[PDB]
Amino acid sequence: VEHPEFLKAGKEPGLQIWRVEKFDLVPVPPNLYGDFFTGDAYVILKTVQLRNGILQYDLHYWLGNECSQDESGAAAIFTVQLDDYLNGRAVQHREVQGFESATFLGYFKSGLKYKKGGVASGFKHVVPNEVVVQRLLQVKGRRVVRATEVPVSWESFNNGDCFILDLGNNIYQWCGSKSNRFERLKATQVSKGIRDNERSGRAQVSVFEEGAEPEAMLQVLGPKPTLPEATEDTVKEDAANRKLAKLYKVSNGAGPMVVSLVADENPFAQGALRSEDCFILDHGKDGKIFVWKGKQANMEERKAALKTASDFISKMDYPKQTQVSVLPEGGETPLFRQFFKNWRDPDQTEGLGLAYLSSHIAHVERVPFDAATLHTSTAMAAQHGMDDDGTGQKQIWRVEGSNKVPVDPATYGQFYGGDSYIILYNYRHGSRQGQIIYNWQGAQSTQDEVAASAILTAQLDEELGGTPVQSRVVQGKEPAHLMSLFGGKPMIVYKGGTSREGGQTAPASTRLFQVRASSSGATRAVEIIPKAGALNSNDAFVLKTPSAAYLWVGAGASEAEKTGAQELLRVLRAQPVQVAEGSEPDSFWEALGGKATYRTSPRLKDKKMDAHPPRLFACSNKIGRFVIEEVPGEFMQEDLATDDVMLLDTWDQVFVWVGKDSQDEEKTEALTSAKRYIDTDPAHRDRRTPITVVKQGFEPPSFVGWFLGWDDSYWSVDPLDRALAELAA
């Protein structure tokens, strides 16, 4: 028999929600998704279509604060058995009211609603036509909006939040005198939602500010007293730097839980993961633990994973609200993978996408690079980091002491690791035109000149109007677009000295050049330390020597690498010796110091977006404290608070968006915020990661391309006035 709802579950892409009622699954009306009774438990199944057409499942069970143990028990039981019915391939999530995951919150753009009552109280999700209602909702949140039913009284109020007095046919939105316009904008979406989803469009919504309360409101609440200040410390976040985690091994029936340390500090090795066991990725310091199930683990402890996680949270004395995710071997999520050195799937060198696809990007089309059509697609710009083809007008300066000195035009494309340069580029991309200032910092540039280049960069931006895009690039991690500014020649980077008045230092004895190519066909030749154990099967290298030139071409190489590899030889003034990987003369091996171990890690080209999906966060340095809050769901322009500083974390680059009305001391710390963000990432990513500062209204193509609903005129009119113009119309 197995239960009738299971037969409807996960049959096609979408969202399904059931409430557990007396050990039974009862469908919640689709128009009411987002509403959860505080004393109930729910089961939420999200189905996504992977790129190969296969279906992916995210199973969450939600627990209200006033929820008992028999109900939450029934929920955990259903999650387990439902996962089994779906062939144990679902990722499982335990969500607790007020602390649910970003994945979960992303499913409700309109926001969440916490209602008083539940099954034990005889309440149900029902919105008949003729209905009598008298409830008060307190709206809180900037990135994730939560509307909680509170007692209908002045005592529930404060002057900082917005409240909604729902009287049925009349919906009164009230916002405190100290409420921010963005918050009121959000409050309005909840009110509109009630009008449209409940009531079905047949209801009047009127918005009011403190001090202008209507008669209706005054009638049921009574005369307005003096109001309190909002308690910002409701759940004030202060998770500055939390990048550490531990890996445990577990084996238990459900009671005799044996836990043993396996890794005291991430990055963890993918090897520590054994298919015969279950592991617990402990990231509790950031309120989240992962339970990993090996594909050959016993059925008894597989079906006890949820309980196991609980016992772990107890024995570790963690808050009950800790976030829990259980993943099956082979179906690991990006958030889990990020904790390991170099995660390589032994069945993903081919195929389409990965075994998992983050919900917030499942709807994004993967557009391949096409130089000829690039200027007509912001999506392409964003996916390949190319604001334009790179053939626009540019100026290149070297920093000498404290001044900008023009670089000899004939030298363009050539850079010396002993200096720091600044580049002004004018880009043209149909939809937009602008400038980009690149600040390149050579690994051997002296501190004073590096510091001087940053300042000169900021000053150029300012004497240009504060309109340009500002990007900080470090030698070694040059971004794709910077690479394509030199016709078809690879960007050459000598780890050598300067190139000013007179360097004379460069033509050493044995130099090695690594030629890496980008999605846009762009290439760059970088000099490193001559050693076998530094080669890469993908890109192609060039080994200079007093004998001859070795044009080593790795098996994983291609057109772009080779072509660019040799164009370097012409510059170096030498004749190569095309040598294919594996079969290379021992003459080559000696010009490195032996013959160590290669590096055959296949670059996640297309799979890049899948393994490291982009994430959007909000920045706050307020009171010497650095805090970041992620904004869930599909990226929307509406989420960009003009008084905030946002971070669009691409994997290959970090964008920092600064709102027109943010504070001066925060837009000045833009770059610093990005660095703090990057030095804090649990993934322990390269600190050289390029950083790009964008200004509201002058966002580049590779930025907007990530937002499908992008409209330049969006800020021509105050969004809140726009919103207000819809309700009362």
Given for the second form:
There are 2 protein chains.
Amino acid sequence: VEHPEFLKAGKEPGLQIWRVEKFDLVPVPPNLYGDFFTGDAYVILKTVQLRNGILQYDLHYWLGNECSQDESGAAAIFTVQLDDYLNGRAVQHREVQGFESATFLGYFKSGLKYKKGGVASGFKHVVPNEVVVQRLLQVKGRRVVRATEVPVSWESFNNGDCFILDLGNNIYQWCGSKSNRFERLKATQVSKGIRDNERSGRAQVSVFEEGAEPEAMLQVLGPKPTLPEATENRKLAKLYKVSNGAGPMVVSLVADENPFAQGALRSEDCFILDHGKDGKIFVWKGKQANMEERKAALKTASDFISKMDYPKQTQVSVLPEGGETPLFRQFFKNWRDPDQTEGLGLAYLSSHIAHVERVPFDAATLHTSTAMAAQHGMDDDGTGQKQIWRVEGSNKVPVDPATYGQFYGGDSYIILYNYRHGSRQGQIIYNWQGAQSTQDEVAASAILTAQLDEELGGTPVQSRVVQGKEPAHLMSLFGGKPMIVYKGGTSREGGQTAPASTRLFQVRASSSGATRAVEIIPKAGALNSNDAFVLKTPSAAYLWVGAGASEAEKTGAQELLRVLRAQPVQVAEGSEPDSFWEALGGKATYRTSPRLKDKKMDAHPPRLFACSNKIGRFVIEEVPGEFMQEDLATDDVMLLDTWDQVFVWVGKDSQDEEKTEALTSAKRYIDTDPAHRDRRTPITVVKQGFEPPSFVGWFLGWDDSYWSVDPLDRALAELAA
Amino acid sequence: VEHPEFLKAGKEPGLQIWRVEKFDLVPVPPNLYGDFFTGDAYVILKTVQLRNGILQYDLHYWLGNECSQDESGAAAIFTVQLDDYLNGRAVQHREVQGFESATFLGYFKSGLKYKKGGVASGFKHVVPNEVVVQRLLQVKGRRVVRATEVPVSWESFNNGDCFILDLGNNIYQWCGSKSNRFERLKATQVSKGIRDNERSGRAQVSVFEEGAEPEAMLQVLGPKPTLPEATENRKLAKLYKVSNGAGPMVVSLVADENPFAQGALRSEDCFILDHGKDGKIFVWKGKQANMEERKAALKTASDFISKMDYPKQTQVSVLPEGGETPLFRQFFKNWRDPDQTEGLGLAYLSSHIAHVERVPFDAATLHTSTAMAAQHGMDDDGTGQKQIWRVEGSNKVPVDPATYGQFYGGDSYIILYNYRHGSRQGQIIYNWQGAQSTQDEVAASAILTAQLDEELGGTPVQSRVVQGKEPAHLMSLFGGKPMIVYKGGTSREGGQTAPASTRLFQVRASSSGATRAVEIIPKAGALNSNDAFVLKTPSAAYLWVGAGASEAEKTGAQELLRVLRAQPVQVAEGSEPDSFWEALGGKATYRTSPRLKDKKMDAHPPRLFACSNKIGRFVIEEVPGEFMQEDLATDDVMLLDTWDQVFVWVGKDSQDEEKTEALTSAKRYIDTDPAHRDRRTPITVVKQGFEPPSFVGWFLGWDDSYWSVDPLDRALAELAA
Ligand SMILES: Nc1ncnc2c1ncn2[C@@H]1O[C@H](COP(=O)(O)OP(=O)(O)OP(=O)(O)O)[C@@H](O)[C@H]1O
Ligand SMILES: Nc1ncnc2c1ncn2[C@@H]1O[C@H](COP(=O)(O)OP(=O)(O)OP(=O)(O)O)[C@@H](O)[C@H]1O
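Output the structure of the form deposited with adenosine-5'-triphosphate bound; the preceding block shows the form solved without adenosine-5'-triphosphate.
Zooming out: every chain and molecule, the one shown earlier first.
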């Protein structure tokens, strides 16, 4: 038999939810997805279509707080057995009521309902046409909304939250006096949800505020009393080996600090990546491993949590070798996988960007498409008017228009750019900060950038970049010329100081076709097979063009040579005269790392976070699922972490200290990241109502007028409308 | 139209309940009678068949605590209009959730359910086969049980009460650790009730005790926390006249203290009988009155309660002249009504004795019928063996067998009687207490009576009687001879002291045909048309036999004369020589009051009460409805108030102080009665398992084995059986 629902499972892309009922899988009806009984356990399978057509599986089992020891054992058993039937390629997750993963929560954008009861109490997710209902839902959460069934009583209430008194044909949404308007909008989505999905749109949602409680409400609840107020270093992990059956657990430390070596993961063994400080652990299953310790990976994860005195509700993932997720992969130094040089996409595609249509860059049609803008980091073609300045002292000093495109590493600059994307106009201010610029000048450039923003109305995008990690759009501001970055001194008055005798330049290109030439230390083990290089030497000048390189960096490298007043010696990779090598002081290992080009997004999917400087305390909460304009709360500071770049979207009604610390908050986020990632990553401050295309292009249903009418008033004009 | 439910109304004996729904009468389904929404109002019509065949109506409107001002106005409007359609002869009642009259509560023996919600909240008494249910009922009350729907939460709970977690197919009765076993038996009746009446017997009642909470319960409620403890001169009234439309209320005091004169009630006017101290008022509607102030009697009652600052939930009855109830009639001096000399029964028949078959007395068949025994106060024919004793000092002294039947008012006696009723055997101890007996001797007789009880095993009935108010059974212990009671001195040694020259004797008969001759003051205004009298005078002796008198008192009076050693002069009433009248010292008003004979029970229906000497505090709570053995809690002291007599039934497991104060408790009850009733009323202490026929005869389904198996264990062996 093997299990009849196993044959229904994982056949097409979609989401499938079974509830565990007396050691059987019973399908939850699709219209009630997101409903979960508190005394039950469930299995959830999400099937994603990978770009190469092959299928992807995330298996979760979810455990209610009032769950039996038996019902949850069955959920695990089925999870393991379903993974087995899916040929052991599924990523597995243990999810616990109130504490479930960002992936899981993303499946349910209308939110979760935690219901009272379960199988043992006789309740099911089914309901006779004519159903009588009398329940109270307490709605909690900004980013991830959770409606919990509570006792039908004023004792469940407070003056901070929203509540829904569900009377069947009539749904009564009540919102506390201290309730914020964003939370109301959310409670509204939930109310709408009950009406549309239970009920079949055959119900009247009316909505009220504390003090104006209606007849129906006061009838079932009695007189309203005085109500109470509502109730209100995670970067370090360790890696471990593990050899057991299920009882005699052998746990040996392999790496004491992240970032970890990818080579520490070996196919014979199994490891636990202990990120338990931040509420998460992973079990990695080597592809040879041992069938009995692969199959007991959940039990092993359990034993580890017990042995370490981490909470029960600690999240758990088990990934098989080759089926790793970004979250997992982030903890390692330089993840690579030889099979994925060629192919469409990668072996995993994060659910929240699975629906995103990939659009390749096309200068001709860029004005036509915010999606393209977003995916290649280009707010426009780069041909708009611009002022470039150098910071000297406490002043902006016009750079000589002849040198536009040349940036010196002893300086910090500010650029003012006007952008046109037909659809949208605006301004970007780039603050380029030299790696050798004095601290006072760097800092000065930042304050001056911030001041220019203020004098210009508050509207312009504000982007900090650091030498070497130039964003796509800044590289392309110079016609077809490359952005030249010298490692050396300055370009002021008699800042003077001439050349180093021997200089190397790496010439890297972007999606847009633009190039930057960065001056680097002239060594052999800094050569890169994907770029053009230029080696200026007292003798002559070499134009090394690598195997993986293209026309764009060839042409960009020789346009640098004109500026350097030298003449090239074309030379393909590997067949190079050894005056070349003697100029570098030897000959060493390479980089032949063919770049994650189109696959950038797959390896490092964009992620949306909320940001808080509340009570001298820095917290980030991920908003899960597909990106939505509605999640951008007008009183919040948000972070859109493309990998290339970190946008910080600042809401009009956010606190003034918070939106002044926008750049600092983005840095904290970047410095705090478990991936131990490039501290030079560009940060881009964007303001509500004045978002650039490369930001809005990540949000499918972006609406320019969305805030033109207060979003809550619109939502309400559909429920009583 | 007049109202289609009006035509369905009051046609046959029975109970009808409509719920008020948007100014309409909608019938509650009969299986849910006793269910009432807390935010609704209802109309309840109880039709009783009077013994003459004519119909009787009690109209209640019931107001939930969460009731609208509009829904309750409609209830009143319908009540008044329904009374009008029933030709104005209904008795009317304003009933309020939690505070409803003894009559009303008597209609619902399984108890009442107060439900959350109502019409405005969308809830109805109907329910789709397949209905999902999840509710909590808190069960409260000993005599009148009330299950209230409460929030589904441990916060609703306490360690004292019983609760029912109704999950639909499974009903979970929980009983606190401090919950007494009688209360559990009741909670069980409610649980059974839900199973049988909702659900159609298609549900599993399981029952539990605090500490043993089952999976289903803990699943919907969460882990059980520490639970809290459960939460724990009314004889004086005044009469008032009242002349108004509905606003300008004129209220004039007519009588300052009860007992009231019946003549104070006059047909032109309306009165309020203010017993608001005890939670009750009455409006009496004169039969000429004035149609507009008759029809606004409820609104008048309202205005009175406001003007007097009595609680809203104060009970209200409006009775029409001639349609008065016992509760009402009790407040007056000597209620009479000329039309009811002849006829079958009276104009009102209290609902709780409406089903009682009247069995007239028949010596031949008395051993055959406990009903007869009860209704005439005869535990048997009276021919059993008996010892009579006189109390002299601290001793019982055998009375001379020749004088048996002669009792002297300067003595107190005790009689030990053995009774046989085929069905039942037992013993009665009568303690007769002379009106002229010294206090020490009276008291002595009581202690000696109590001691004889104890020495005889605890089993015998124990009956205190006072000279003049002899019970039926004691009169009939003397063959066909009358019970002679002298007002004078004693019958001991040389207690001696001879006659008064002129002596009168009243000779009254009972149902059984037995007579007592009582010596009274020889006056004309003590003559009574229903009795035989005997007037001994130095000259000769008169046998006055009244018009209303019968053979029984004739014969009884002349058997007294033989004992008095005199010879009679027969003389019918009205035609009497005036040597007769000169012996009495004149000639005055009579009594021609033809006795309430068969109608005794109608005028003064028996009533069952629980009794408590708890915290130096004397409380009586009426157990309403038809009399049930099940209501006789084995740990309680109860009072069965026949009018003639007050039984006090003492439960085996009642406290020792309480059952020693049994007689005193009965007296307190009698002295406390608003009727200001005869303080000489015989009190009869009866013990659990050893109840006499004249007690058990009032209980239709009396079962001798009922306590042979603990009643709770039996009830439980039907729910899980
Ligand atoms: N198959 C993959 N799965 C997960 N991560 C990958 C994969 N391939 C490359 N990466 C990681 O993500 C980054 C992308 O590799 P890529 O070659 O595109 O970066 P790079 O060109 O070496 O340097 P840069 O970060 O400046 O682009 C690297 O840090 C690499 O370790
Ligand atoms: N129609 C009636 N309705 C209500 N009470 C009545 C009615 N008739 C008589 N009674 C009351 O109840 C008692 C019964 O009247 P009845 O003539 O039977 O008593 P009695 O013979 O005068 O004295 P006793 O109480 O000793 O029998 C009286 O107190 C009387 O006021």
